[PDB]
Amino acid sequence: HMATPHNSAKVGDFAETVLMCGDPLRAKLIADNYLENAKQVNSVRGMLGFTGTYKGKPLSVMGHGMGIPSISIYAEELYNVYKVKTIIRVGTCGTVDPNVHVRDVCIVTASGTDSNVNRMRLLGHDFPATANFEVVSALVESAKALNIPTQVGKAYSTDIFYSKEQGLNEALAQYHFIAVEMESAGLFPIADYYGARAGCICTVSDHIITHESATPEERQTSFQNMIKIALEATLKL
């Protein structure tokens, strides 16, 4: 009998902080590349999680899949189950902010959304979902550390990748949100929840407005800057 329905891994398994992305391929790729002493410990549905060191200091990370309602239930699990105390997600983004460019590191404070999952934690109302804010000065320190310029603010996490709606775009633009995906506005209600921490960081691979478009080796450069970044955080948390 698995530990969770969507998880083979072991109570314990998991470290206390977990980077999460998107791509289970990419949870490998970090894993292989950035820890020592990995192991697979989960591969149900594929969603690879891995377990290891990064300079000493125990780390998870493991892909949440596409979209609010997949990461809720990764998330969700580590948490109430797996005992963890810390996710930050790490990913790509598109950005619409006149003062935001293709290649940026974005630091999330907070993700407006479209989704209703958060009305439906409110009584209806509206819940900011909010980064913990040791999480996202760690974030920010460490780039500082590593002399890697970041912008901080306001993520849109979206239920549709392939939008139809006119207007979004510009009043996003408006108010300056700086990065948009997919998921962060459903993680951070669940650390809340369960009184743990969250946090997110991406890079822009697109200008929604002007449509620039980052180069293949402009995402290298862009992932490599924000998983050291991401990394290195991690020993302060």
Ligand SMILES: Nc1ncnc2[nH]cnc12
The other form holds:
There are 6 protein chains.
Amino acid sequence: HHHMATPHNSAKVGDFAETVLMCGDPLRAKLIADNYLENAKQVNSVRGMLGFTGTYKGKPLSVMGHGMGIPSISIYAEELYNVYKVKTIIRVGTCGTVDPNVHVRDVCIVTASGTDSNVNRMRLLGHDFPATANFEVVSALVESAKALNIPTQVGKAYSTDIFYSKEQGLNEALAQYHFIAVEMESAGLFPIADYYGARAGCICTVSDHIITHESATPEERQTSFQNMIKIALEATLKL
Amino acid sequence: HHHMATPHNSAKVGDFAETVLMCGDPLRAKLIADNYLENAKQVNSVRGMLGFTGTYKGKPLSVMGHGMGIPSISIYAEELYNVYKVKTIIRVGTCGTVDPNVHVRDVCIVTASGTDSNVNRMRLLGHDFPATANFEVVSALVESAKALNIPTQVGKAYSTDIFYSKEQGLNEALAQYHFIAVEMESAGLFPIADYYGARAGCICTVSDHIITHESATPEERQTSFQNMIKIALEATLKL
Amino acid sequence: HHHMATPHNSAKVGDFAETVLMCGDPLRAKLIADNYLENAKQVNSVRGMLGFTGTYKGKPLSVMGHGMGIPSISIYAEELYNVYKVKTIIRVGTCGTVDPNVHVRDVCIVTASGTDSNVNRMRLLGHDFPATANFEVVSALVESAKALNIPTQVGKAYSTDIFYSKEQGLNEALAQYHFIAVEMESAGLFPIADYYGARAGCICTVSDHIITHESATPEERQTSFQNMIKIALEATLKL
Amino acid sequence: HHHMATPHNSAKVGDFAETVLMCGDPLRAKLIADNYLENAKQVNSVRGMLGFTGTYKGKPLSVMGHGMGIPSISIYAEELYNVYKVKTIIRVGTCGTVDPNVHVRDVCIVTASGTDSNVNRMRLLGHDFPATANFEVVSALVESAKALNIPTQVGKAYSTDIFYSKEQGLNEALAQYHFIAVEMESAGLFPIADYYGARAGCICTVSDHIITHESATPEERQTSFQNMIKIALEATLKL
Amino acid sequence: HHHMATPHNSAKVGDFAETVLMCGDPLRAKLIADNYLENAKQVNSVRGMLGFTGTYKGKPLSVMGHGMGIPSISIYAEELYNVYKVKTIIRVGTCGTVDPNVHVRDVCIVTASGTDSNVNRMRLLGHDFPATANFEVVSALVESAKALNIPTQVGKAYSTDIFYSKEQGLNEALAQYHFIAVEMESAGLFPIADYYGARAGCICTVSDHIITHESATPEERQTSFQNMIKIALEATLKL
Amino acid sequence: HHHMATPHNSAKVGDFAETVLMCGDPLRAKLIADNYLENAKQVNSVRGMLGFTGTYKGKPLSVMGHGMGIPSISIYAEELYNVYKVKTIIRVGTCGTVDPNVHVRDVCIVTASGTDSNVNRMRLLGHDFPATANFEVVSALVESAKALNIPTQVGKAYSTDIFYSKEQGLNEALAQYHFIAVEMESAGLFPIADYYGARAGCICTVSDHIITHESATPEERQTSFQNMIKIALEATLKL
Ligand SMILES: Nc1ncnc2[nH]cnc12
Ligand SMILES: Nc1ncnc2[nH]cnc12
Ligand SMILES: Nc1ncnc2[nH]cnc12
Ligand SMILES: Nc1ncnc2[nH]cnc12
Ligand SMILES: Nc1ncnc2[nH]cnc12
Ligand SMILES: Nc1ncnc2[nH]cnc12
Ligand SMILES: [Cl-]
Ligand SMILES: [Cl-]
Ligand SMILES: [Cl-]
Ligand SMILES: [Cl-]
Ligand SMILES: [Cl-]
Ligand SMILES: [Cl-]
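Can you now output the form deposited with adenine bound? The one shown was the form deposited without adenine.
Let us now look at the entire complex, which starts with that chain.
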């Protein structure tokens, strides 16, 4: 038995760096730690949601899984900002696209995220509350990709509660308004950062074109991941 | 590289029994398999979401984690009913309560679940769609608890997207209408079972009284879990 | 002039039994009293909404009309639970069906009811509040039908405010999710029972198949009614 | 057994006049017929919902009960306009008031009605559809009251689904915006008249002041009714 | 620098008459003042939103532009009723129609207005609040047109936030329920008048048939305007 | 009579530059043209909504008023992007703030805007659609202010339909989530730019602190305007 600083995390207060990368898959968090962090230690394994703290190019950095969907990321991010006193979270993810000018393997940097969830209406008296990335975070991601000569798409994501959509007309509306990324979490993250006066952003790679059915092979997803993670890691040095 | 029958599960079609127990924590799924299943094999580990198939008292039974929140359980349950041809899912969970006559350690059998999620409005043209447990499943749980001489509370749950509620008046309304369990997933499960012409139910143990702040110790949570899981396992023999 | 214990009921406090059957048509309430109750007296005739109190197999039982729609049943049921101190109400009704495996003359026992009304959102801070039958009531109805060798369908109803629907896609969604009964009142009854810590259920007979246009003749509706009412009456002995 | 032209009315097509008065209480419909119509015959008694057709000062006129709430009046009025080819319906009712300058016994002529029902949003793509009385009907009521030297209040009603309101702040908002009448049906009537290219209005007498708790005695309600019904009857001669 | 009695109006308190005509186009307000008012002075030019005060047939009358859309008219009308102590506002506008029996050049007198705006839900606890014209104002407009032998259509308007509609099915629903006028402001005006215990109405001329594409030429719009404005001006003498 | 390319703009197609600054007050548009544009001509005066086209430091640039509120800016911006083929619109405005660390005279660069309007839900199947500024526009504004040594606040705006708010709790929620600017138009602009595959942004100066009641004097508003307009003009050179 270890003392539990939160109901979902056994890390001691102070065991997370002020900057954290988060991805849905805890096994990918372990890969990030093993392949890119130094001075690394595992700080959480509750519910299998692996988290790690170390350094990237000497600067403190943590990485942890967030699970799938807005309610899951909301638990983990609320705890990180509130109990662990984290200042910056960058979600590092995968996404689909409907945009005709976005292609599988593209790197998407998210400026704001729409949603079919109610969580943000509940925060703003039933009104429209845009889940908005912090500008310094967006800029750090854009500038890191430029320095690395990796092209990026910059624009809106859409975070859905329903992976297995049955909703007629949704893809056409997302395309009409140039949503570049379809995923499941970022719209839950940004308002929590706001509540705590903290910062968040999101970068994703396109695994699937929802319209054309193009899909990245395993090797292509590894190459896309390597590009995205290098951008995110370099961006942390500016944050 | 293994063939992926779904984007989130590496099990081969046929590797799940027709009856599945699911809990949020994949590590608890492993405990259930190790302590209660025979003939057991691990059939999934994608995203750390451990799943297992074996037998309980000779009858095929699987157990798998579902993660936290409606979007997470929706992914896993949709796949189980659709691709894996599962017929019955029982969620085996923990919950809070606001009800003045429900106490920590109590076992709650869920007849229907409210929610603050939009997922069910989206299925029924914006209207009220009650997330409703199958009657045969509820009855099997009630009758198994009676045969085991374990008291139960039977009634409504409330599945929220927001573990860290900031909503004034919610607890008072839940208590006024005798909601017995507050959790995060069951309202997403029941309508998916309906879509597939299949069955679902939920049984939870009370870990926390949201009003009085009573909370179960680790030893008390183990005892509650042992009672709940025996009820669920015996119920599968009737299903 | 008689003293009015409520604005809609001239019965004296205590003039209703703790268990009440209610149907939409007050003339059917009179038929139930005349054909199945002993020791019977009329206790209300305000607005023509006939109500009666007597005994069924020696046990106190009342029967009263509720009129058509959620607002009408809400008035009468609120008064019964609050002023008349009733403990159990069973709605005994007729319904349509869209379900391909439900047929005209079938007896449907309701576990929960959806709706297009706002009344339940207004009770639960705008959220989804499932109108849920009490499990002991559902079980008593199921077991009484079994003892009488009368087949039943058990599952969800949908209570609409609009008998003359013009809503495209509604029937297809109701069928997709296996709603067995379409009627107009039960979703208003169950939350009122909850408010008062009391019990409610509903049993209906299928008069019409909304898809195939099959419709019960007058003789068939009498036979269906005789089956349903015997089930409900026998169930009261267990409640 | 009689042929049923609708599921709720045994009147033969043509048995209703083109102008119909409707009140909630079928027993009050009988009183109106007995005391004010000549050449009168009962044309419906299904569900006890008495309806009558005769003449008032030589002009064809019917009167029928509508029951309590929007779903009930919607059934009866839809049938009257569609099957019975009625052209004008005037609801003749009772109401409460919150308005500080409206008093018990006052006669209120309704120009439009708000609601907490969803029925009108469902007709207009989810938008705000004002339930609006026909101007010729309103004018006929106003001018008849003037000729009879009976004072009237003219303005908005509010039609609620919930007689037993638990809603904090509702009365204060209704008063702030000068709603003169609180009742349960008119907002359902006016849009149905619109659908059929027909006309509707409403006149009510104040039985209760919701704020001060003033309440009309039985004798006072009879006097108020006599004033209101004379206004409505005289108005039919202009319609 | 002049003292600003409101943030949008430089008129001194008392510089507006108790009765005000308002139109969207400030240049049309100037035309009305120049061609129909005597004793006229310009009292506002902030934001170009010209307003004037003078007399019509000896009676004090003002005219001012209101701009386009509910938020714009709401600013100006709130200020007029609150700061300037205005008692009656008549909107004098143009509109489209979908109604098959309404034609270009017709004069429409508005009894109530629907909307796709949220402003009225926000005033009435999320419910349906009909934006309703004052009956004395409607009657004054109707009677003035009759005395001038100018035909009118009387009925509902629909005030939209979106001139450039992309909404499938809207026109068909508006036609089904006999909305006579499509415009952008009146639904915002009427509830503000209510808040202040004051009066409002609206009269419009049909510039365009939304279905047939008929459109008034410039000369036809001038003739329609001359008819409408004479009706409105004469109506002010009765108010 | 001039040909009207749109119902609200007499400019000939081609008479607007590809980049346009817009402000609410047409008189401020004239001031911008007179004081900062060369080669300038007035291209619109319909409804007094002055618009001008010229050059700023040799590059084509237009400036036009947009009026007050989402419906007004939506008309003008839709026309500019669609008929006039504009590529970039920057709203140059004033705002209030509730943020404790934002002060009167501050320059706010908007990354996204919330709203109480329905216009964006109507574009995205009822879901949350964030009104999001284009990143290149935001960056151009930020970098221009830096080069000019003018401090800026960067973050979310809130666009309301109701200048005269009566909404309890709104300011506290806006402050909790660090909304920096309260205004009335930007949330309508950004989705229209998206529809046309075009770009938009917004920069405002704080005229009023909604909490402390601090308010800029006329001289202070002129100084703030001079800072903001120089930032916007310099940003156009990068766009
Ligand atoms: N198509 C998709 N939909 C939702 N979330 C996703 N994450 C990756 N691809 C996705
Ligand atoms: N208090 C609580 N709220 C939500 N989900 C829970 N699961 C267990 N306890 C819970
Ligand atoms: N088709 C139907 N729709 C609604 N309520 C009903 N009650 C009986 N049949 C019905
Ligand atoms: N107070 C009230 N509320 C609702 N409907 C009514 N009808 C008469 N009085 C009423
Ligand atoms: N077609 C139309 N739509 C909206 N407002 C209008 N005003 C005049 N014509 C209109
Ligand atoms: N306080 C305020 N509210 C809304 N819009 C504004 N524009 C400038 N100040 C404002
Ligand atoms: Cl996924
Ligand atoms: Cl949890
Ligand atoms: Cl019916
Ligand atoms: Cl009543
Ligand atoms: Cl217009
Ligand atoms: Cl303003």
